[PDB]
Amino acid sequence: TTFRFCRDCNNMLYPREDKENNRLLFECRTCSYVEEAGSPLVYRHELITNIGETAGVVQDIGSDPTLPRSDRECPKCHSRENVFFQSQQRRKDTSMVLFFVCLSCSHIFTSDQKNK
Amino acid sequence: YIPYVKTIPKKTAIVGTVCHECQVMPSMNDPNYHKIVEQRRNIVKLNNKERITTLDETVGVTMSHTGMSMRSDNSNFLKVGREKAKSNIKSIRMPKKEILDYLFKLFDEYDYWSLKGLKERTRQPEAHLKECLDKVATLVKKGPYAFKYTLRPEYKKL
Amino acid sequence: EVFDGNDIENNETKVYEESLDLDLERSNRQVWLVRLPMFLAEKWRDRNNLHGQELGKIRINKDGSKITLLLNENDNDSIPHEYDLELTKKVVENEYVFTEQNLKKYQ
Amino acid sequence: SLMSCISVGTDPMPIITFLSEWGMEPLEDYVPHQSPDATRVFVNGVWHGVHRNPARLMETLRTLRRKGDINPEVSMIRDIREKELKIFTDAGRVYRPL
Amino acid sequence: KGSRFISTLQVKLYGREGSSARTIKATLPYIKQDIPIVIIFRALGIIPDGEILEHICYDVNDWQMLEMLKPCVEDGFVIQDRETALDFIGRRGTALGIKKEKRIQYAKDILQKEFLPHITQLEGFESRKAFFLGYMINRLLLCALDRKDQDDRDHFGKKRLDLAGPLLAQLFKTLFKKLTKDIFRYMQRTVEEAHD
Amino acid sequence: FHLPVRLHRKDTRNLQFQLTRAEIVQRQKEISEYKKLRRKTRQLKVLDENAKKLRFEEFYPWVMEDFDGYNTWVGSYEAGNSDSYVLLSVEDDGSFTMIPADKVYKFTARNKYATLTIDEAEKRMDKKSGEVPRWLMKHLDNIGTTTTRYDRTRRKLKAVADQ
Ligand SMILES: [Zn+2]
Ligand SMILES: [Zn+2]
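Chains as they are written, first to last, in UniProt numbering: chain A, 2 to 117; chain B, 201 to 358; chain C, 38 to 144; chain D, 540 to 637; chain E, 246 to 441; chain F, 133 to 168, 325 to 451.
Accuracy of the hints is not assured; some may be wrong.
[Said to hold, decoys possible] Below 20 Å or equal to it, Euclidean Cα-Cα: the simulated PhoX-like pairs (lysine-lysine) are: (1) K305(B) with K319(B); (2) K426(F) with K416(F); (3) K235(B) with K80(C); (4) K210(B) with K142(C); (5) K374(E) with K625(D); (6) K356(B) with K305(B); (7) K606(D) with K245(B); (8) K246(E) with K249(B); (9) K142(C) with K211(B); (10) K290(B) with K330(B).
Derived by calculation from the structure, the hints in this document are not laboratory data.
Throw the hints in and build the complete structure from the sequences for me.
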């Protein structure tokens, strides 16, 4: 879901319906600014969310001395050095799958063999 | 609309527009370099505050200016009583033979005359000064000009 | 310097002898916003100095992308004579410099 | 514990001044969408500014503390995952040597 | 250093997971009611909703975080300027000593000297207060969405030990404050009662 | 902006019903045409002079309004970098002129979208309805209530030009 913001006053643009064209238009509630919508999606409820699994990865993640090291091979550069950490989602419903960050290309891959 | 806003006019003018934002940083390849680093390092090293001084004099001497001490204070600070108590003087009653004319001339000046001013102007004891005032004037306590003596209507209405 | 508000009575014609409208004459004037270090800012912002003397020179490469400042020899060899002006924002908008001063009160 | 010690606290102002002169941009002009990779800087739990190169700043600060310029009791923590830099100077923190 | 008093600020996320609209309200001293975060943000000088969301969320693609913030803006949509927000904040204040004229200033004073005092207390630091509030909201939302675990109460890093120094410091200040009041009372009595 | 423009210090409370400069000028023209004991013991808290001067000086924020009221910006004092900047001015000769900076002000536009009133806002906040209508502003705009100074001034100016 994308929250478009107004051009003239920066306020968020809520969806509105025009019966003359039966199209989707985003309009402002204060300054009367309109724009044609690019997508027909208006709400995205994610009960089972995969977002945040790899949150916090930075350009210098390998510099962290606490993260463990591994010898698994990165399948994009043929490198053996990498740091792995479990999913960052704290809800007690996630699997113990790992996520490996390569120290040579900053690529993120997983060791899971079920869904990948 | 609103008829009043209480503005504060001033002489203002635009004297330029900002086009470039810059950050001055000394070059690392200068002979004077690394002297600012020492200056910056001295900032944290500095300790402006100073520790409390400890008096090395005999404890008995340091405590001689505390509690019941023979020494008397010479300060003139908040001596309100001394400032005003210094002024004090008595005065003899000017006889009715004389002050009777003084009061009526006083009343002719103003029609609502207070007690404190009357003692000051007459400069007489309030004891006898009361007798003449009550005999000639009356005091209104419940009126708006409460606690002010005024000449009685018998003589005022003349 | 309190004064009336809307002033529907037109009291500004006699109270003030100068135009109250903002002056745009000097608006068309380029300005550079520069942040200075503690040592440099402590001597350039002092009102007991800054009499109009030449504090240095500004050197710009012909192709641009690099700006440096060269101070004079009046620093007493206590601070670097060369500085690098890092352009934090090459394009800047919605920024302006405005001044203010008192107005004549008589007539 | 035997080697446990409790800090006495120091003035945090000199540290804040030092950070500002070393690239700690003031929080007044921080645009989150214009630099979504910068590390926030905290001093005694107060967000004072942001830094674009946290690695160099931490390396400098750590060297300064070891050299004896900053009070040893000062605690410096860099949460790389969270992109935060916390500096604590208030008294009451218990520390031990290593 | 300076006053040694403690002021608590709480940001609450009303409603449960089964609610169709969950809003965030913050508790300010001497206000008696919980105000929406957006209203407070406007009172600090940020009227547009775009910047307020920017102050809270630091990622432009974190649509999940932005979704939970929509109810807040809807609740406080009717207020769209500093003066209206300041008056809305002020009228909730428990002063009742100002008829209506200083009401706007009263709210501004409260947000300056009693809102996040540990940051600063001088005029001209509304941006810092706004940024810190967003950080608290950001931390609240991250936990609410199950990205972080609730802070441990037993984590010793968040605990402080007061030795003889700090303890006597607090006791001495209170006693000294009592001493200063006694000194003033004698001065008032001496002037009024005409004594030496 | 619509010249002339005025930049003065004024009270910003109720900055929606204040007469525009053009309205004041028009009002002047028609006006000319039409005429054609204490407690004696008080304790004061000690406050540093600098803050008091700033408080008194900054009591009335800067207001920038154009002739027609189309643009109305209100400034706020910023202490983050008030005394840490040194402005540089370039003359029309290639040289550079040094001018120290004094203060930094943040200006925000006002009344662009016809804000509501305190009484109206408070009523809507109360449980008058389950939720405010998504297009409440649009509905009230047609009724004519909750207008802007620019629209308010333009109609008045047109009401005079017609005669
Ligand atoms: Zn808009
Ligand atoms: Zn790799």
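Now for the hints, and whether the structure bears them out:
Our distance criterion of 20 Å between C-alpha atoms is met by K305(B) and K319(B), whose separation comes to about 15 Å. Of the supplied pair hints, the one linking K426(F) and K416(F) holds, its CA atoms being roughly 19 Å apart against a limit of 20 Å. Between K235(B) and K80(C) the CA atoms are separated by roughly 17 Å; this keeps the pair inside 20 Å, and the hint holds. With a CA separation close to 11 Å, the supplied pair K210(B) and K142(C) stays within the 20 Å bound.
A C-alpha spacing of about 18 Å is found between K374(E) and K625(D), which places the hinted pair at or below 20 Å, so the restraint holds. For the hint pairing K356(B) with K305(B), the CA-to-CA distance comes to about 12 Å; that is within 20 Å, so the pair holds. For the given pair, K606(D) sits about 12 Å from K245(B) by alpha-carbon distance, which is consistent with the 20 Å threshold. Using a Cα cut-off of 20 Å, the hinted pair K246(E) and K249(B) holds, with the two alpha carbons roughly 14 Å apart.
Between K142(C) and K211(B), the direct Cα distance comes to roughly 12 Å. Compliance with the 20 Å bound is thereby established for this hinted pair. In summary, the hint linking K290(B) to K330(B) is supported, as the alpha carbons are separated by about 17 Å, within the 20 Å threshold.
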